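Undergrad: Residues per chain are reported as follows:
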Amino acid sequence: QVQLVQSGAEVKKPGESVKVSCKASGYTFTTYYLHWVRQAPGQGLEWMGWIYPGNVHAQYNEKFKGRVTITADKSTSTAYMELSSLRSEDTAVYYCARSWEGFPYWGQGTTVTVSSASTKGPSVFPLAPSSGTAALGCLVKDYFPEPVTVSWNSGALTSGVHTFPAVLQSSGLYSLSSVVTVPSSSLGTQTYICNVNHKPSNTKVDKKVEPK
Amino acid sequence: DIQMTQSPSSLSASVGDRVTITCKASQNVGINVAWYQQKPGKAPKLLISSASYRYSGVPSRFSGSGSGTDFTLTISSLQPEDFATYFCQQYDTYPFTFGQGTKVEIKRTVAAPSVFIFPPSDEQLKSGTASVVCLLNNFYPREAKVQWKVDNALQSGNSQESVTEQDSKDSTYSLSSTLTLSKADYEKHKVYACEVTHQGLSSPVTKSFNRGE
Ligand SMILES: [Zn+2]
Ligand SMILES: [Zn+2]
Numbered sequence: 033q034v035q036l037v038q039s040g041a042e043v044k045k046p047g048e049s050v051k052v053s054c055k056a057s058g059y060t061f062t063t064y065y066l067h068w069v070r071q072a073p074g075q076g077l078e079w080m081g082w083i084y085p086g087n088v089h090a091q092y093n094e095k096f097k098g099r100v101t102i103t104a105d106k107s108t109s110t111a112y113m114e115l116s117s118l119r120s121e122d123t124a125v126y127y128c129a130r131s132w133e134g135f136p137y138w139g140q141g142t143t144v145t146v147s148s149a150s151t152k153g154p155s156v157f158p159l160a161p162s163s164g165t166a167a168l169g170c171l172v173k174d175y176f177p178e179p180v181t182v183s184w185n186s187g188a189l190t191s192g193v194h195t196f197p198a199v200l201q202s203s204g205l206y207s208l209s210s211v212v213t214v215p216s217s218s219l220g221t222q223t224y225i226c227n228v229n230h231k232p233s234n235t236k237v238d239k240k241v242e243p244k
Numbered sequence: 556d557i558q559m560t561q562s563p564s565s566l567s568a569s570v571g572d573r574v575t576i577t578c579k580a581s582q583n584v585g586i587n588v589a590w591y592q593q594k595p596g597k598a599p600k601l602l603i604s605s606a607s608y609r610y611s612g613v614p615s616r617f618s619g620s621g622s623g624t625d626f627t628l629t630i631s632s633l634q635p636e637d638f639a640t641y642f643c644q645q646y647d648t649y650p651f652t653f654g655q656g657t658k659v660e661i662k663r664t665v666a667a668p669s670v671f672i673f674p675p676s677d678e679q680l681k682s683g684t685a686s687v688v689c690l691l692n693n694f695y696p697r698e699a700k701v702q703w704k705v706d707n708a709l710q711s712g713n714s715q716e717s718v719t720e721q722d723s724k725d726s727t728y729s730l731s732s733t734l735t736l737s738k739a740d741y742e743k744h745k746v747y748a749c750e751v752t753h754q755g756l757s758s759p760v761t762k763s764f765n766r767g768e
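Protein chains in written order, with my numbering: chain U, 33 to 244; chain W, 556 to 768.
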C-alpha cells in the first residue's frame with residue numbers, strides 16, 4: 033500500500049527556514065516523481081517542485097525564487113522540502129504527492145505557521161446565558177499558535193455545540209468562541225463547563241459558565 | 556503561467572442532482588488535466604486523469620470531458636459523500652497550476668437564525684479589553700448580514716465573523732460576529748446591538764443590551 037507520511041506541524045519566525053520530511057513506503061521510491069504542493073487561503077493550491085529520486089534531479093516553481101530545496105535519501109525512501117527566508121505568507125499546509133497523470137497519492141499534510149508572535153496560552157471567558165432555548169459559551173482568546181481543543185462537560189455534552197474556526201487578530205494572536213444551545217429549564221440544575229486545552233503553552237483550563 | 560479558472564465558485568445541490576463544474580485554462584493544455592475532491596482536514600483525492608479517465612476505483616457517476624482550454628467535471632447523480640470542494644489542475648506545462656476550487660454544498664429549506672448577544676464578561680473587563688459576541692444559530696442559506704450598532708450608530712471595521720461548516724444533522728450554518736473594543740471605549744457607550752438580515756426573517760432582527768444592565 034502506497035503511503036506518504038510527513039513530519040509534524042512547525043512554527044517558525046520570519047527569516048527562518050523549515051524542513052519537512054516525507055517518508056515513502058509501499059513502492060519503488062526511485063521510479064516516481066515526488067512533488068511538493070502547498071495550500072493556504074487566498075492563493076489556494078500552489079505547486080512547489082519535484083524530485084526524481086532515481087537521479088535526485090529536482091525542479092522548482094520559479095515563483096519561489098530559489099527559496100525551495102527538495103532532496104531525497106534513497107537509503108531510507110525519504111524526501112525533504114526545505115523552504116528558506118520564511119515570510120508570514122508561507123503559512124500553509126504543505127503536502128508531498130506522488131505523480132502519475134496527476135497526483136494519485138498524497139501525504140497527510142504538514143501545517144507550517146510563520147509568525148513573529150510568541151507562544152501564548154488563551155484567556156478563557158464565559159459567554160453567560162442571559163438574554164425555551166438558552167445559548168451559552170466560552171470565548172477562547174489571545175493564544176498562539178493554533179490549535180486549541182474545546183469540549184463541554186468533559187465531552188459528555190456534544191449536541192448543539194458549535195466551536196467556531198479561529199480568526200487571526202491584528203495582534204497576531206488567535207481567538208474563537210465555542211457555544212452551545214441548551215434548554216432554558218436546565219440552567220438552574222445542570223452545570224456547564226468548557227474544557228480548553230492549548231498544548232503548546234501547556235494550558236488546560238476548565239471554566240464554569242453560569243447564568244449571570 | 557497557465558491560470559485555471561473554475562465556474563461556479565460554489566453551488567448548492569440535492570442528493571440525486573446532476574452537478575456540472577467547468578474549468579477554463581488560459582492557454583491550451585491538451586488533455587493534461589486532473590480533477591480532485593477535497594474534504595476538510597484531508598488531502599485532495601484524485602478523481603479524473605488525462606481530462607476524461609476515472610482514476611482506479613472512482614465511481615461511475617464522476618466523469619470528465621474536454622481538451623485544449625475547456626474542461627468539465629460532471630457528477631451524474633450526487634450522493635451524500637460527494638458534498639466537498641472540487642479542483643481542476645493542469646500538468647501540461649510548468650508550473651503546474653490548480654483551479655481555485657468549487658464548493659458543493661447541501662440544499663435545504665430556508666431557516667431563519669436564532670440570534671443571541673453576549674456582553675463582555677466581568678472577567679474580561681478586568682483585563683483591559685471588551686469583546687461583544689453576536690451568535691446566529693442554525694440558519695440557511697449561508698448569506699446573512701450582521702451589522703453592529705453602538706448607541707444606535709452603525710459600526711465598521713471593528714468586528715470579525717466566523718462561520719461553521721454545514722451541520723451534519725440539519726445542514727444549517729451557525730455564525731459568530733465579535734465586536735472588539737478597548738475597555739476604555741466600551742465604557743463610553745450605553746447600547747450595544749447586533750442587527751441580523753437573512754432571507755428567513757421577514758424584517759431584520761435586533762438583539763441588544765445596555766452596558767452594565
Ligand atoms: Zn446550533
Ligand atoms: Zn456612544
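These are computed hints drawn from the structure, not numbers from a lab. Beta carbons: idealized from backbone N, C-alpha and C, even for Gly. Do not take every clue at face value.
Stated by the list, open to error - Chain U residues, not near chain W, derived (Cβ > 10 Å throughout):
hint, residue
1, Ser-53
2, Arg-119
3, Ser-162
4, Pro-215
Stated by the list, open to error - Restricting the straight-line Cα-Cα distance to at most 30 Å, the calculated cross-link-like pairs of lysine-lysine (DSS-like) are:
hint, chain 1, residue 1, chain 2, residue 2
5, W, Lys-700, W, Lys-724
6, U, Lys-244, W, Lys-600
7, U, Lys-51, W, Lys-600
8, W, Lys-662, U, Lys-239
Claimed, not checked - On the chain W side, residues computed to face chain U include the following (Cβ under 8 Å):
hint, residue
9, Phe-638
10, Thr-640
11, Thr-652
12, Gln-655
13, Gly-656
Undergrad: Where does the structure disagree with the numbered hints, that is, which hint numbers, in rising order?
TA: 3, 6, 8, 9, 10
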